[PDB]
Every structure is written in C-alpha cells, then in structure tokens.
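Presented as structure tokens, the chain that follows is alone, the form deposited in one PDB entry.
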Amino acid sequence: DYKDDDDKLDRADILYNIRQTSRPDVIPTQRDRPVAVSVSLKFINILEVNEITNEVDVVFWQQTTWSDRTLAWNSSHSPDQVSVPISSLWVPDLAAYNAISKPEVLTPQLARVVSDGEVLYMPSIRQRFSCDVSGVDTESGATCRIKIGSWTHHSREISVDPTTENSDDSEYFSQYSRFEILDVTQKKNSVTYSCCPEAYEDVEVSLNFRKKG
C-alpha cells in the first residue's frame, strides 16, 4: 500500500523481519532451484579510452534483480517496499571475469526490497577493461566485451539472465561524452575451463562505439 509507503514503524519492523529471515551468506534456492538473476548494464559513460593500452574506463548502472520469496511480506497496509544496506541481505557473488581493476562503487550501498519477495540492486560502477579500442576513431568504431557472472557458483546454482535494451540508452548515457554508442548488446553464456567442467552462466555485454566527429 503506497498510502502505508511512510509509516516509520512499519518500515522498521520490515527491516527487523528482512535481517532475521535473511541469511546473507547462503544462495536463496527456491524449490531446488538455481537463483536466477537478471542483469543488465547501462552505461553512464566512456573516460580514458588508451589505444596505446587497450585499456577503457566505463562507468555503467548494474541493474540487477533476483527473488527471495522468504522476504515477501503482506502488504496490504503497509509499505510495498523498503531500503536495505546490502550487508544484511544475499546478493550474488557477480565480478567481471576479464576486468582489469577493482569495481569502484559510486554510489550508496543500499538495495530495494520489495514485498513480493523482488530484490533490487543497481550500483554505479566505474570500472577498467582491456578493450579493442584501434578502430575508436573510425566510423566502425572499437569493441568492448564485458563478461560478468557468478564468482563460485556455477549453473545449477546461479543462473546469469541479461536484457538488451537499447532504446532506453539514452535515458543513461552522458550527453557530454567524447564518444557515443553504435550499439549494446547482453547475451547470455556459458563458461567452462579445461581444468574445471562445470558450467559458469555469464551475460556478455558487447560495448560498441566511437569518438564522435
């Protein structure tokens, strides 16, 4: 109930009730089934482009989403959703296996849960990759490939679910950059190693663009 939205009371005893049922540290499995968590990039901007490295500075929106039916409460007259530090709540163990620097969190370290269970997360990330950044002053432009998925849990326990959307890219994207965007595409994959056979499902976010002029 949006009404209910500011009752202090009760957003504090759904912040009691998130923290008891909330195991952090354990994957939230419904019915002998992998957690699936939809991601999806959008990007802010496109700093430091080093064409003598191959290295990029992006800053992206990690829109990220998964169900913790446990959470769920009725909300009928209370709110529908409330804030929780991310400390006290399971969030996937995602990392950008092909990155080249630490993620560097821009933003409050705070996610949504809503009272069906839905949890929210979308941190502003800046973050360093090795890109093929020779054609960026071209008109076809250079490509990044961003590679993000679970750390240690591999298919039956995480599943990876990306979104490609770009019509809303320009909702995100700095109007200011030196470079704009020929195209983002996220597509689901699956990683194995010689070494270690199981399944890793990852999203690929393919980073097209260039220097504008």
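Numbering follows the first chain given and starts at 1. Think of the rigid core as the biggest set of C-alphas that the two forms share within 1.5 Å after superposition. What changes on going to the form deposited in another entry:
- Fitting the two forms on the rigid core leaves the C-alpha of residue 197 displaced by at least 2 angstroms between the two forms.
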The other form holds:
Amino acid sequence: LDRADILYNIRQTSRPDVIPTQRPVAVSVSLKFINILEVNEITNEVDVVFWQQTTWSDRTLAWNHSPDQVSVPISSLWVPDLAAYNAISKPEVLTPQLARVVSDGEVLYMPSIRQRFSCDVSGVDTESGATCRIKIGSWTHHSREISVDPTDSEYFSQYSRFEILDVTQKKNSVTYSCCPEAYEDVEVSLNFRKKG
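Return one more block: the form deposited in another entry, after the form deposited in one PDB entry shown previously.
Chain alone follows, minus partners and molecules.
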C-alpha cells in the first residue's frame, strides 16, 4: 500500500453519510483560540477565530509496510454534525478542509474557524473580564449515537486588542422539547478582557 492506494480505497469505499457507530461514537472537541476580532458589549456579540480540534474513530477507514497516516478531504469522510448553538453566523472555514486519518481509523480534523457568537460580553473592559460561553454539540444525533467530550493562549494572537485570562470546558446532557432523547454538548467558557 502506498498513499495513492490508501486514498483511493477511502474514496471508493468512503461512506460519509453513515455514522461509524461500533457495536455511540465518542467525539472529542476542543477549541484552540487564535484571535478575538470584534467585541460588542451593547449587543453581546463577539467575533472569534479558533481552531476547532475534533477527534473520533471510524474503523471503516482502517488499513494494514505502508504509511501510517494520510490527509483526506472531509467530503470523503463521515464527520460529526457539530454545531455551535449560540453562533450567529455560519462558520467561515479558513483553512483547507482536510482531515488526518491514522491506519487504525482514528481521525483528526482541526480547521481554523472564524464565527460570530451571542454571549455574555459584560465586564469585558474590567480586571475580571467577560466570560463568553460557547456551546457545541451534535445537531441531530442524540447521546446513544454521539457523545462529546473535552480533551489558554498558546496560539493566541499577541496583536489582538484582547487577552485571554482563562478557558474552562464543561460537558452537558440536555433534553430538548422537540425530542425524547438527550443530546450532549461541550461548553467552552472563554474568559477574556481588553488590554491595559
């Protein structure tokens, strides 16, 4: 097997529409914040840029003197239907939409995303700063099909008007009126402020 063969196989046998459940798919989500571009304390809206690190297992991609990994167009893979509940724009994907697939079927996808959110911006210009909570989960898959779990400034722009004080991550299971099942989400709390 060479890269070409591996990539050919994944393409022809790829089943993107099909959730790779084994005998729920455990999805890991983590936001790596890169920049905060605009803030509005009046409207409670922020414009953020972050790497959305997403991790899961699709055994149907696995393979046996060959490369251990390849980069694969996500259009050829099943991807979890994650959405940000309080996003107020559709995510602008900044980077090439490639996933990374390991021979055992593990998948990394980590696009850089710019997106606007509705959240608590109050206090942004104080010592203690604002704490903006972003809620991400599967849109249509309940807890028996997809589970999400977590995994501050390492990649954060030194040239932003703002700075990051802290990032905390909390996991939840919520029942919505529309449906009987519980749907999991991760809540990323971004604590930031305008700089002195």
